[PDB]
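Just the one chain here, the form deposited without the partner chain, laid out as structure tokens.
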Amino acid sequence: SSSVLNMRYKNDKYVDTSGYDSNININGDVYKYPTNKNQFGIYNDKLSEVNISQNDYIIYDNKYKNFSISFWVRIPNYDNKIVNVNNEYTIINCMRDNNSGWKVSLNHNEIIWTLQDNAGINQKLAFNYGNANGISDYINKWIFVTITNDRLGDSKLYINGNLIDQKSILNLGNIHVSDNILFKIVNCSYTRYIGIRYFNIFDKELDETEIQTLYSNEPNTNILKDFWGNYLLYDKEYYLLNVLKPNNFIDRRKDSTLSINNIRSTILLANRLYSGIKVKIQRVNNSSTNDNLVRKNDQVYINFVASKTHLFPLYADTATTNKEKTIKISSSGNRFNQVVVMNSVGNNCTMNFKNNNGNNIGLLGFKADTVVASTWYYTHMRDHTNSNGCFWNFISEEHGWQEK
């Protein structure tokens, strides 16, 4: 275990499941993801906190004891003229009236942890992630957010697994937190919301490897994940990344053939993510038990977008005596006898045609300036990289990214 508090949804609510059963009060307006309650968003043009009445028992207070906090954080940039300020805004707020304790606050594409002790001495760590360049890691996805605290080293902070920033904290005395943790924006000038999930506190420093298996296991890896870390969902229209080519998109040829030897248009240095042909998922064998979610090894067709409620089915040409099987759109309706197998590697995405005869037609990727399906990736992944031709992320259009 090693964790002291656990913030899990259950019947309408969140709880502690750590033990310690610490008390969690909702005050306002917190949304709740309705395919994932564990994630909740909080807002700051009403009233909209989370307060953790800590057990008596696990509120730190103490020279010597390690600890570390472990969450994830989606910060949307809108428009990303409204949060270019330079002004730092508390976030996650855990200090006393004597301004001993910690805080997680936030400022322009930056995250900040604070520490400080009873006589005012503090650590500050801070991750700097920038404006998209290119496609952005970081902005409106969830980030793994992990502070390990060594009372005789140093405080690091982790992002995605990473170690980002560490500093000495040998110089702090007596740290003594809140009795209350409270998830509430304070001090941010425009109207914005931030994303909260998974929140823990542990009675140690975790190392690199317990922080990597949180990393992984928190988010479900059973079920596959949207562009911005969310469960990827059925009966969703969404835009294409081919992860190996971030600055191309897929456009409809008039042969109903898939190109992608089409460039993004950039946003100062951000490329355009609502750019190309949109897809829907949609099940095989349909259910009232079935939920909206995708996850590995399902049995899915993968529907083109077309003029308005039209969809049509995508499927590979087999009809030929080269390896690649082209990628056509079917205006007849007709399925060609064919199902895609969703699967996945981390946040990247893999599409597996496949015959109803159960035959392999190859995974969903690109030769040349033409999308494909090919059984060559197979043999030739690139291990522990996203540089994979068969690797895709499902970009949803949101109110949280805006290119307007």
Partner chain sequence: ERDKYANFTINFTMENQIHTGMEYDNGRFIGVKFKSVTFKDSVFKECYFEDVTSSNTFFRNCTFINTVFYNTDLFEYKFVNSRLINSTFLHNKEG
Second form
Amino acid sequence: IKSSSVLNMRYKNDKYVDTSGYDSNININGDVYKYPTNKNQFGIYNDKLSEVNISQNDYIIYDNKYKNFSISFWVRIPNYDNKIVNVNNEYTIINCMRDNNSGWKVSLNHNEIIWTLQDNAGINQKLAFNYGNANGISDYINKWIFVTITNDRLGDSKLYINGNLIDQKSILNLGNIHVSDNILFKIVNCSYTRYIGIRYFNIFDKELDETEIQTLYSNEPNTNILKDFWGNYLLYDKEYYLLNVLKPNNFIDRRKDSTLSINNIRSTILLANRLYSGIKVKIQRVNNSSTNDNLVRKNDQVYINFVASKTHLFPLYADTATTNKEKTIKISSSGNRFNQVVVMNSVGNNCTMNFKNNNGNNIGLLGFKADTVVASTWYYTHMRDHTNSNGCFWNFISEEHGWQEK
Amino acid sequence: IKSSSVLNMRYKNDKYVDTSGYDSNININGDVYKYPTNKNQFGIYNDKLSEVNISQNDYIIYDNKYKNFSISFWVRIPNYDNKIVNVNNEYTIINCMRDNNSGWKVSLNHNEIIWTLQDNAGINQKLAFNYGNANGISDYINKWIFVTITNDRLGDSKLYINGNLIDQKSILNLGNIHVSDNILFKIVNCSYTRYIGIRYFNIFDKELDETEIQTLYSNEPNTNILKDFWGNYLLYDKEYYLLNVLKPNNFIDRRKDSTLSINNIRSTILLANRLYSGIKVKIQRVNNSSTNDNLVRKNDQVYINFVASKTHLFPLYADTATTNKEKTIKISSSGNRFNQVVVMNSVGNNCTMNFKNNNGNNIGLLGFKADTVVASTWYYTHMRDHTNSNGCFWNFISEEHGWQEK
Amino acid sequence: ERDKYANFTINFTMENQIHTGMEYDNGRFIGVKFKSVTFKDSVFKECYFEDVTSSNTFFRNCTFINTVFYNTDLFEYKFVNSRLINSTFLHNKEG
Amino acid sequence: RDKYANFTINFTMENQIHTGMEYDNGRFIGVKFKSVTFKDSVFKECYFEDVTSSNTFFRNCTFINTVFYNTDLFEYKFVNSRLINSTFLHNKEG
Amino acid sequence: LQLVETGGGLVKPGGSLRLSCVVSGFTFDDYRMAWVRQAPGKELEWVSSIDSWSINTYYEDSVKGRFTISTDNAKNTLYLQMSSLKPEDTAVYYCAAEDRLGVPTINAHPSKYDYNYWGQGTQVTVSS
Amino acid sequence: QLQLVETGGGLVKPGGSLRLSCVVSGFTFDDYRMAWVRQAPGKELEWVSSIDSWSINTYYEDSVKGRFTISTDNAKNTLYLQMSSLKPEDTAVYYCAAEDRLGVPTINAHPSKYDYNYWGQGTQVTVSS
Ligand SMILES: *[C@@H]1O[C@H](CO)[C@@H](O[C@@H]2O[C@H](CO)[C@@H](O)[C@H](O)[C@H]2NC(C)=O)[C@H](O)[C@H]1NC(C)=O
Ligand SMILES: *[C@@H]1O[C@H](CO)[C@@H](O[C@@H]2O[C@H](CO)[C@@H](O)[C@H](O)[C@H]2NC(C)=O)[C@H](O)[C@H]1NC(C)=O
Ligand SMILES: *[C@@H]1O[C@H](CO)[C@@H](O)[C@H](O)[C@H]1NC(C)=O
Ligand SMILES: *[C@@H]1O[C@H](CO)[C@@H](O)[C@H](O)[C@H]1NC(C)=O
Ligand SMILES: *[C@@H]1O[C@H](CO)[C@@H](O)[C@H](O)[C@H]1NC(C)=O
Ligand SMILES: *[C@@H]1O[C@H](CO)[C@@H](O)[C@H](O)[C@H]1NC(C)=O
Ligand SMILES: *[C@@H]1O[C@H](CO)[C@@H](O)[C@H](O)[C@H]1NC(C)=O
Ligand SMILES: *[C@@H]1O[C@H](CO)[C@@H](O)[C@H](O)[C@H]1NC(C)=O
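The form deposited with the partner chain bound is what I want next, because the block you gave corresponds to the form deposited without the partner chain; please supply it.
Zooming out: every chain and molecule, the one shown earlier first.
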């Protein structure tokens, strides 16, 4: 809830502030990256001075033995080429432990997130989550991961990843924890040069239940705005690769007759599917007024453009000149949009594109039939409970520095 | 099961196995050679213990008078020096005959394959194929030959070599045929020491038609993997002599100006063209990875290297610095690849090499014009039905123990 | 000193033409059949070619920058003393 | 003693005396030798191509698995030298 | 990724035919197998389909009763037992594979993109 | 025994008629496309005409068609070029050439030596007033 929020790190007025009302101070030291589309998200580096220090108000500094408390945040951990990061070395990212290492710590290893809670005596307890290397499509590597940690002093400390409990260890043997005055977001003792992403850091003075953690997981990023593959906001005038949720091991390619094939198997780099394969698309506003946002929202009316080259976009349309119920998606070399629009929508991180006639008529969700990308109305009545239901769901993969494949 | 296939001898985890579904046992005795690039292919010797024994499932052992049946396999018969094999003596290599010589037999003789089928009363019929001594280039000697025998009990026994019907004889006079419980792959009664290759042994409970036989012939070796002259898999980093399919009596030599000549007539041993003449080449992966095997596949981007000596390889390139449409192939004494790549492909056992620029520009298929090896775009539109079509087809000859010439 | 043309789409046959000292910026050639056409001392800036056939067609002393040729028969022998900078050929006709 | 390897010479060498060298997989392609001498040198799996020589000799040198393709390096240019498994191909005779 | 049909021949009205389609590159677990007929002068007409994972088989309004689609227990050979043959059955018959994960619509007048792989076809002729 | 010898080239008045004969040895005309190629005083070789004899097929450089006439004679084993209506700038050294029929059948306007299997010595053809 909000009655339990004793620290909330939010972006406001050129910097980061505490919106809890307990007035904790937040200081940026050096080069801290601010995400232009969501400045609540920040990147810390380790090749130069780059840190965020939260000086906690004297009233909220944890100094009890029986007080239940929770920590919530999202972390983004790039693996780059997936070799530079392959080293057994626990490096810390968030440090709230005093001179005698009393308090709590969040530390990372190769494809691992570790939570450490140490008392005044020196007794400690750890939880961990190892998501492992990409086997097809990884749901964690270079994506936003929602980390939650609840601590019942008369029971177990629990670690949640994306709202699901994954590790619980009893903390009954821990006495008094006097956490640090400062919470330091900084990459300390990392073998390699890297950066880490943090957002929505919260401290609560109770043990959050699964329901509250799920409410946080669902509501913290704007549910109105569509998400990209990495979990950032989906943008207009941005090149994206496509991923079909039901066919993750396949990518979309162009055919000479202007149709789109899905019968292309993604190459692998040591069990990891290539994400930067196939056609590129761009989302374009139908009515671009003074809409001060490049963010794609639910039920936005858009054009989906195929990218032949950087400066050559062609409309993607549904070819309704067929007796078939499903209509093949084609590329229009002439620039003709054929009196169609696309309605964007979403189910969590999965995106839907509804091809419609300008007269208000439905042509169908973007899916596939056999080996060709099509628009089909079938999905309308089979979106949840069917083997083929997820065929209408898509992810938009942006080519970024944090995921390298060559 | 439920298929026409009642026995399929295939390789799984260090042994030979029946993949049909009827669970016949396959045992190896003594020294049986396994081909590393394709372990479905095995070699049996006669200078030591070397046999393969298939104990047939009682459910599939042939004991009828009217039930049609077919047998298929590939055989590889080296002639060594063409002299040690020059003896008229029929010797067995596959035995499915009972104590009363009832059942069937595959035997060999000098450049000859023989099929014998005998009933319980001693009535037999023999089909044979004598491919004879090499007159120029032989399509059989030391090559994989596809043997198929069909048996219609109300008609003819038919023998197919490489999908082509070459012999048929009526078996209407044969009554009950009771084959052996065991199928023995063993060289028996050969007057000289030799080995024999066998692969893809199949027993079917029907008379296969020409379409099914040609399908087996086309698809049993992996169509995605290129073949060498002998019919094995084409390999990376392997020395090969070159054969032009349209010019079988000619070999490729180097000129002082770095160009490649085709006006070199092959010497003959009796009537057999020499195979181990001309330049050697090696195929090299462009996008090398320690995950990739050494098999050359369709659409592989490669480099073709001229072998000046064992330790000196020079890239072959298309000399585009001319006004001619066709570009002469040149040896690069500097090691410069001139921003070129070669795309491999195949039609059956014949190989094509498409010289292209790194930017994707077509330069041409490897063929010849007058007396010089060139890259030409002409072949693109004349792959078939033209007299000069096969000038873009190449075989890669590996120097092997099975084919000797001094 | 090149006659400039930009942001144009050509979708018709071009026959018996010599174009000298021209600068095409973001030109599209889609479904064009070239017949006895010669580009001399021309620059192609961020141009696009699609579904192109060519007969007795050449590019002499031409420069191509960030140009894409998709589904064309414009093989290497048609580019005489020309420079292709970051210009790509994709899915060539019969290749 | 001074080991050079994995190299290629495409240029004219004039008025030089190289002593105590151990060339490993060296390439001499298009080289024009003019008054050059090799003394107490070892040529190991080296390659010569399109080599013209004038007043050039190999004195007390050792060649192993070396190929001479399209050269004029005739028998008299090797004084007190060993040629082991070395081959001459398509000499510049005429 | 290939299909080869056989079993087509010349029959009289009321005769029988057994078409077989052998596949290479995939089994019938990840693809729905289909028979499509091309009669001279007509467009492609869908004949039958089988779900190998399920026990669900489909037939066009006419064919049903005389034609039966089947698959083996190895899930790589497709059959169509054709009995009580009528002379309007005379057509080229193709085996086709549809990705089961796609939209499960069955158009009666399909185009090339309605199935992943088409065979070479086998001629069925019903003559008096 | 492979050789081509050309004869018949000389000086004839503008508008005259010449009959070049290329006598070939060592090969048959059913295995080799035959060609006449001219060399101007200093210019690059220019392909003039070609013939395929196995199936009568003539190819003429545009400036040549209708005036000249390439022919073969498997009897006497000789290639002929019947020149006529000779213009001033047809003056050049005229070589006969043999190309392997089985190779890429393209006809380069300005060939190099590797365009043909075998070349002749050439006969001078001058035409001046
Ligand atoms: C081709 O068209 C594009 C956009 O349709 C032109 O680019 C724009 O140019 C104007 C003025 O030069 C600018 O105000 C816009 O901001 C530009 N938009 C974009 C997206 O780049 C381009 O200049 C045109 N090419 C010409 C005229 O040669
Ligand atoms: C036409 O030819 C001229 C001269 O060959 C080219 O100009 C040269 O271009 C290269 C590359 O920029 C330079 O290194 C030279 O310095 C230039 N020389 C001269 C004389 O200018 C010119 O690029 C060609 N035109 C086109 C469009 O390719
Ligand atoms: C071809 O180009 C012309 C001129 O730009 C254009 O008006 C026409 O619509 C184009 N063709 C098609 C089919 O769009
Ligand atoms: C061309 O591509 C290269 C990469 O090969 C890149 O470094 C360069 O900046 C590109 N140039 C332009 C003008 O896009
Ligand atoms: C030369 O190259 C070869 C080829 O890999 C390598 O083995 C060797 O170490 C290199 N250097 C020398 C001095 O031989
Ligand atoms: C000749 O050798 C030098 C020395 O290594 C090299 O830099 C140069 O590129 C070579 N010549 C050519 C034409 O490559
Ligand atoms: C040089 O001379 C000595 C003395 O005969 C001999 O032992 C040695 O092998 C020679 N070296 C070479 C490289 O030939
Ligand atoms: C030289 O060739 C002979 C010929 O058989 C061989 O025995 C010997 O091993 C070769 N020497 C070297 C150094 O390769």
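Numbering follows the first chain given and starts at 1. Each form is matched to the other, and the largest set of C-alpha atoms that superpose within 1.5 Å is called the rigid core.
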Review point. When the two forms are laid on each other by their rigid core, does residue 12 show a Cα shift of 2 Å or more between these two forms?
Key: no
